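Could you build the full structure based on these sequences and the hints that come with them?
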Amino acid sequence: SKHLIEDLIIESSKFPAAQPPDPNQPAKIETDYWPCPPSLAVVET
Amino acid sequence: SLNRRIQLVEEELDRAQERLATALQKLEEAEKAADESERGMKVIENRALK
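Chains as they are written, first to last, in the authors' numbering: chain 5, 159 to 203; chain V, 51 to 100.
Keep in mind that the hints are not guaranteed to be accurate.
What the hints assert, rightly or not - For each label pair, taking beta carbons as the anchor points, the in silico distance ranges come out as:
#1 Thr203 (chain 5) to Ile56 (chain V): 29 to 37 Å
#2 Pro174 (chain 5) to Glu62 (chain V): 27 to 35 Å
#3 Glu169 (chain 5) to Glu68 (chain V): 34 to 42 Å
#4 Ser159 (chain 5) to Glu61 (chain V): 52 to 60 Å
#5 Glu81 (chain V) to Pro196 (chain 5): 38 to 46 Å
Stated by the list, open to error - Taking beta-carbon pairs under 10 Å as the criterion, some of the chain V residues facing chain 5 (in silico):
#6 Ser51
#7 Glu62
#8 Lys82
#9 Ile94
#10 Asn96
#11 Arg97
Honestly, the hints are just simulated from the structure, not real lab data.
All residues carry an ideal CB built from backbone N, CA and C; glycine is no exception.
Here it is as structure tokens:
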């Protein structure tokens with residue numbers, strides 16, 4: 159309301175980066191760079 | 051990432067050796083029990099025939 163210049167910058171600050179992530183790229187949890195070991199069923203399959 | 055991959059493979063391999071180690075002694079025990087029943091055969095048969 160009554161200021162449209164910098165509220166989009168506020169909306170850009172919500173994501174972990176200041177830019178929205180690419181829809182094609184997978185999430186941080188499934189990218190196999192997560193430090194915690196996965197479950198036995200997934201690694202077995 | 052490669053470090054954690056190595057860790058997971060090593061743990062699975064160790065579990066595999068443990069399972070094989072248990073399986074071998076169970077096999078020996080079953081074979082010995084079968085041999086013991088096999089000796090029991092002839093003594094019971096001799097008593098029955100007499």
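Verification of the hints:
1. Here the CB-CB span from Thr203 (chain 5) to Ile56 (chain V) is close to 20 Å, at odds with the stated 29 to 37 Å.
2. Checked against the given bound of 27 to 35 Å, the beta carbons of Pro174 (chain 5) and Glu62 (chain V), roughly 34 Å apart, stay inside it.
3. One distance hint, 34 to 42 Å for the beta-carbon pair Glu169 (chain 5) and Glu68 (chain V), is violated here, with the actual separation near 55 Å.
4. For the hinted restraint 52 to 60 Å between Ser159 (chain 5) and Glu61 (chain V), the CB-CB distance of approximately 58 Å keeps it satisfied.
5. A hinted range of 38 to 46 Å for the beta carbons of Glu81 (chain V) and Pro196 (chain 5) is consistent with their spacing of about 40 Å.
6. Hint on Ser51 (chain V) holds. Least Cβ distance to chain 5 is approximately 6 Å, under the 10 Å limit.
7. This hint holds: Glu62 (chain V) has a C-beta 8 Å from the nearest C-beta of chain 5, less than the 10 Å allowed.
8. With a cut of 10 Å, the hint placing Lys82 (chain V) at the interface with chain 5 is violated, because the nearest CB-to-CB distance is about 35 Å.
9. With a least beta-carbon distance of about 49 Å to chain 5, the hint placing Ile94 (chain V) at the interface is violated under the 10 Å criterion.
10. Annotation: interface hint on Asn96 (chain V) violated; nearest CB of chain 5 at approximately 55 Å, more than 10 Å.
11. Because the beta carbon of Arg97 (chain V) sits about 55 Å from the nearest beta carbon in chain 5, more than 10 Å, this interface hint is broken.
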